[PDB]
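**Student:** Here's the letter readout for the chains.
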Amino acid sequence: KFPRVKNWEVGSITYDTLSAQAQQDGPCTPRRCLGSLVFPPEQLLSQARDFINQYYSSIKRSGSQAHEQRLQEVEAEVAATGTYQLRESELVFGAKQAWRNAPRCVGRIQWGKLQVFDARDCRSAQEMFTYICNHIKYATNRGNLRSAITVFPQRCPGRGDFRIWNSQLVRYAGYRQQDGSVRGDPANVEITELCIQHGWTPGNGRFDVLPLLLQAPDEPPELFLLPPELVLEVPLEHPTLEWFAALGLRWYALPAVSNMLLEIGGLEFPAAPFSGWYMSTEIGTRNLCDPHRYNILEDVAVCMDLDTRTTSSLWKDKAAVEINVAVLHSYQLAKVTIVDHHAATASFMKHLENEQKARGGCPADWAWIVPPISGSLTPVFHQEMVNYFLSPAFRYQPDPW
Amino acid sequence: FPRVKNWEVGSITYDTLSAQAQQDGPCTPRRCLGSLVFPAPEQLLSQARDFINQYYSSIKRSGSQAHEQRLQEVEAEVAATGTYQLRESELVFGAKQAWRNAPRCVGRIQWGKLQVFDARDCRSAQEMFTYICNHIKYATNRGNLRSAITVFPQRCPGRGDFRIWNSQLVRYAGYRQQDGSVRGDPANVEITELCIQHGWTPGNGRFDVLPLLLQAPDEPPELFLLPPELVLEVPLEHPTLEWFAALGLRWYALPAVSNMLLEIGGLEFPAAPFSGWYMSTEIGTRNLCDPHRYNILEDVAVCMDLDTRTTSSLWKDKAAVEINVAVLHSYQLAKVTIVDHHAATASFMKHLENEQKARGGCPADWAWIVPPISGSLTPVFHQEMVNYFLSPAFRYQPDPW
Ligand code: HEM
Ligand code: HEM
Ligand SMILES: C[C@H](O)[C@H](O)[C@H]1CNc2nc(N)[nH]c(=O)c2N1
Ligand SMILES: C[C@H](O)[C@H](O)[C@H]1CNc2nc(N)[nH]c(=O)c2N1
Ligand SMILES: Cc1cc(N)nc(CCCN2CC(F)(F)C2)c1
Ligand SMILES: Cc1cc(N)nc(CCCN2CC(F)(F)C2)c1
Ligand SMILES: [Cl-]
Ligand SMILES: [Cl-]
Ligand SMILES: [Gd]
Ligand SMILES: [Gd]
Ligand SMILES: [Zn+2]
Numbered sequence: 067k068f069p070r071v072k073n074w075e076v077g078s079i080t081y082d083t084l085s086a087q088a089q090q091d092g093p094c095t096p097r098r099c100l101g102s103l104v105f106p120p121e122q123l124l125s126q127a128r129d130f131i132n133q134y135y136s137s138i139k140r141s142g143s144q145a146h147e148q149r150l151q152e153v154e155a156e157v158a159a160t161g162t163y164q165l166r167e168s169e170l171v172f173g174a175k176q177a178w179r180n181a182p183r184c185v186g187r188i189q190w191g192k193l194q195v196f197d198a199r200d201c202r203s204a205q206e207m208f209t210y211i212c213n214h215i216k217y218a219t220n221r222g223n224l225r226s227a228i229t230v231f232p233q234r235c236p237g238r239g240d241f242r243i244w245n246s247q248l249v250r251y252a253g254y255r256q257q258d259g260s261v262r263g264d265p266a267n268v269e270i271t272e273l274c275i276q277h278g279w280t281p282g283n284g285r286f287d288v289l290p291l292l293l294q295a296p297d298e299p300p301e302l303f304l305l306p307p308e309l310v311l312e313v314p315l316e317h318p319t320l321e322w323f324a325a326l327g328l329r330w331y332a333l334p335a336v337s338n339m340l341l342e343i344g345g346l347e348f349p350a351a352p353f354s355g356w357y358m359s360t361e362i363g364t365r366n367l368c369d370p371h372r373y374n375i376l377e378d379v380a381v382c383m384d385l386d387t388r389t390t391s392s393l394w395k396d397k398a399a400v401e402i403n404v405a406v407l408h409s410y411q412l413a414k415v416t417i418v419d420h421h422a423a424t425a426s427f428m429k430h431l432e433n434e435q436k437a438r439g440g441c442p443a444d445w446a447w448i449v450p451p452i453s454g455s456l457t458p459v460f461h462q463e464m465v466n467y468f469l470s471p472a473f474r475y476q477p478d479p480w
Numbered sequence: 068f069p070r071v072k073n074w075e076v077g078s079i080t081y082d083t084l085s086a087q088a089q090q091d092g093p094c095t096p097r098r099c100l101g102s103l104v105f106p119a120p121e122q123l124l125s126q127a128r129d130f131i132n133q134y135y136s137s138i139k140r141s142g143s144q145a146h147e148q149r150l151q152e153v154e155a156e157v158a159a160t161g162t163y164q165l166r167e168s169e170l171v172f173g174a175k176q177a178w179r180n181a182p183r184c185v186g187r188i189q190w191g192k193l194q195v196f197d198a199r200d201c202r203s204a205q206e207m208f209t210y211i212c213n214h215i216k217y218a219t220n221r222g223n224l225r226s227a228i229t230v231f232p233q234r235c236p237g238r239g240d241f242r243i244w245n246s247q248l249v250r251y252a253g254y255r256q257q258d259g260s261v262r263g264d265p266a267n268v269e270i271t272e273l274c275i276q277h278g279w280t281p282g283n284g285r286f287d288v289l290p291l292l293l294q295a296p297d298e299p300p301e302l303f304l305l306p307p308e309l310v311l312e313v314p315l316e317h318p319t320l321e322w323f324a325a326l327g328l329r330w331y332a333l334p335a336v337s338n339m340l341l342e343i344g345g346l347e348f349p350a351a352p353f354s355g356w357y358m359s360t361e362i363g364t365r366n367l368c369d370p371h372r373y374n375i376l377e378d379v380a381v382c383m384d385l386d387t388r389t390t391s392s393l394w395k396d397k398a399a400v401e402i403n404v405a406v407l408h409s410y411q412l413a414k415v416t417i418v419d420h421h422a423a424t425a426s427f428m429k430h431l432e433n434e435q436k437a438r439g440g441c442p443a444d445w446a447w448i449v450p451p452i453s454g455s456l457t458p459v460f461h462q463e464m465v466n467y468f469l470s471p472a473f474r475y476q477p478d479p480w
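Residue numbers (the entry's author numbering), protein chains in the order written: chain A, 67 to 106, 120 to 480; chain B, 68 to 106, 119 to 480.
Excised from the complex, chain A in its bound form:
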């Protein structure tokens, strides 16, 4: 009744008693496992009591005066208004816990260090842009990246909502041709089409930084040229392959997800961008080598004069490793926070041991924690993991169209 979890490298066993708190049902049934799939009125009082109890237990103040008090005012707020406002300290606690509960994040060893900006009195895209711009420069911090989340107003009935129409705050463009294919990033060919449609002059480059499309409630989105000084980017060069610089590759410093719905205590924030710092396989393996992304793998292999005529030469594996080397080398010479996948997974193993002592386990999505190159060379590969949904949480949400 409590899942037995083994680590096959060392042979240690733990039990995930924490999984007994799984709220939102997952996709799996005894008949079939769906773990490999990417996207698989007064109910607000159940989700709020549980959250407020979470807060006070975590400050050793369960079951004492201040706990009762906070229970009544949310009772009376929703009674009067049909929703409630979070205290500053609660929202801070809610933000850090959602990160801590994100089963796909390998960087949660950092969950306790999180800078929370409160944009709950926001109104109009003119202010949105400023709140985002405060975040970006704070998080970027001239290359010493700092984790941050900005929280725009929550959701109320009978009124439109705040949304960042882009998936991230920094994304490159994707342009079709006289032949359908793409110059730039193929992942963003849709939002790129929206920006052009909404009044932005298309560029001629593989690495044009898209403009933001920000949406105040019930009003049509507005384009916003991000200040180029605010967008810190890293030209890519290799330590010893002098020609690599010539391939003209860049990536941007700050990975800032802007499309996920933060959910705290039954309250929903459709705009709540969080940012951290990249793990290098994200950029070098996925962004640049995925066949449907920049798909640079064979071009780096020609430059290395590899045998691309036979798969058993492992030319793919070789080119990919050096691409990752160039990424790490480039972020370090530019002095931008980045972590390699060996350091990151080792830290996650340390995270799991922390969490086992602290909360009785940790929800983890094996298919996403295990890096996309050299999987079984990292210790998470040999760690069994239990996936489930805890609250508060980051959730995916529809696109607003």
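Read the hints as simulated data drawn from the structure, not as lab findings.
Among the hints, a few may not be true.
To be verified - Chain A is nowhere near these chain B residues, computed Cβ spacing over 12 Å in every case:
| no. | residue |
| --- | --- |
| 1 | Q205 |
| 2 | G239 |
| 3 | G282 |
| 4 | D419 |
As the list claims (entries may be wrong) - Listed next, the in silico DSBU-like pairs over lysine-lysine satisfying Cα-Cα at most 30 Å (straight line):
| no. | chain 1 | residue 1 | chain 2 | residue 2 |
| --- | --- | --- | --- | --- |
| 5 | B | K397 | A | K414 |
| 6 | B | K414 | B | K216 |
| 7 | B | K397 | A | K429 |
| 8 | A | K67 | A | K414 |
| 9 | A | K72 | B | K397 |
| 10 | B | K192 | B | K436 |
By construction, the Cβ of each residue, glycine as well, lies at the ideal position given by its N, Cα and C atoms.
Use these hints to put chain B with the ligands onto chain A, whose structure you have.
**Tutor:** Leaving out everything else, chain B with the ligands in the frame of chain A:
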């Protein structure tokens, strides 16, 4: 009906075969346990009935005279004897379907090409050993490997099982050491202790081939040494790094799993060893580089002059790539069948397309299908998969000791 996406191409299929999945798996809507390694005549009747239905569908004779004859016959024999006997053609189809149904096997493009050896008339451990020697010889075929299975008598009321105590037919010894360590393969310390306990005179090399421990019904296990010239081995060398041959590493040609139970229409064969050929990553990455196996990675990177003081140099990844290069080149030099992870995952993609057209789906365990290096460089990384249990099946079973 679960919907399944390929993220490299965009295509979408629905896995309707999943609806027929019989025995239940480890996951619930509360929590996924996909990453875990090791998760009455009337039911015998119902299992058998369904298998017979399958077999008569496969010969394009569903609902014919022969079909009802067999259904009625099996109830008769279960009524009279508590069990029944497979016809030979049924046993060949059921061994093939069992491979076909194995969710963790990436080599299933070959499932129809399988050589079925009927040893259900076997009587002793000594006759068992001769059947096994003939399997190894046929399958090895002087380095031109052929897929085979040998099927020993089924579990039955009144008598104990046949069992092969070794987990594979070819395995290297693992001796505990003077300072707690293991010389040889640490995966095989238990079975090495059992061979010694049963009169085997141990060696002291790192690549000592283990003898067979064979269990006849209601007998102690009997020890059998494999004829040296029956076990084709491959010395490992690297096509450019000449110092690599001085590591003295070898692996054997034939991967023959022998501790799994074959289930066909409710009948159980606890002894039914099967073999194919290796994918290069099993040897190069897992068997040689796992920290709890031969653990050669650091020593190779030192020889390569890599800088092992910092993870960010990707010395682990670079050293592993060459070990796989070495495995592939050595088996081609020796003219021993081998497939790399790029070819193998590309054939597994064709298997999923063939299987979609033929059965409406295909069971697959993503975390086992994706190679342990260069995961997202193969096409199976970007393929969602549904995992479930079909019969006939190979199943794990406890050790007989
Ligand atoms: C501080 C350094 C951080 C690192 C190194 C890191 C690393 C990663 C990586 C590699 C992924 C896999 C995502 C993918 O491959 O698409 C991920 C997922 C995720 N992370 Fe983090 N992260 C960091 C900070 C954060 C922060 C600050 C938050 C929120 C407060 C966060 C929340 C999430 C969420 C919600 C996901 C799942 C997103 C998805 O599935 O698309 N992470 N993280
Ligand atoms: C002919 C070439 C074959 C290739 C390239 C191949 C490939 C593989 C690989 C790479 C694995 C994962 C192994 C691991 O990581 O330990 C696997 C598992 C498996 N294969 Fe295949 N295989 C082949 C033949 C066969 C045959 C002939 C059968 C049965 C008739 C079979 C049944 C299985 C089963 C049951 C598993 C799961 C083993 C386990 O979970 O312990 N395979 N295979
Ligand atoms: C189909 C497959 O589950 C899917 O491509 C997943 C696998 N693991 C992943 N892991 C990470 N970190 N990011 C991803 O996008 C994916 N994709
Ligand atoms: C815990 C984890 O599931 C375990 O280490 C698995 C992962 N995937 C695997 N995949 C294959 N093919 N073989 C394995 O041994 C494993 N080990
Ligand atoms: C906070 C954070 C840190 C990090 N190191 N990396 C990311 C990547 C998130 C991008 N993911 C791809 C997607 F679109 F699915 C979302 C986010
Ligand atoms: C037939 C076959 C083919 C192949 N290519 N590889 C294997 C190895 C399977 C070994 N697996 C490790 C375990 F013990 F879990 C079982 C078997
Ligand atoms: Cl990204
Ligand atoms: Cl093996
Ligand atoms: Gd040249
Ligand atoms: Gd050389
Ligand atoms: Zn599952």
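**Student:** Next step is simple, just say for each hint if it's right about the structure.
**Tutor:** Going down the list of hints, with the structure as the test:
no., hint, result
1, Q205, "holds, 37 Å"
2, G239, "holds, 29 Å"
3, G282, "holds, 26 Å"
4, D419, "violated, 5 Å"
5, B:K397 to A:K414, "holds, 24 Å"
6, B:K414 to B:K216, "holds, 16 Å"
7, B:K397 to A:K429, "holds, 25 Å"
8, A:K67 to A:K414, "violated, 49 Å"
9, A:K72 to B:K397, "holds, 29 Å"
10, B:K192 to B:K436, "holds, 19 Å"
Hints 4 and 8 from the list above are not met by this structure, while the remaining hints are.
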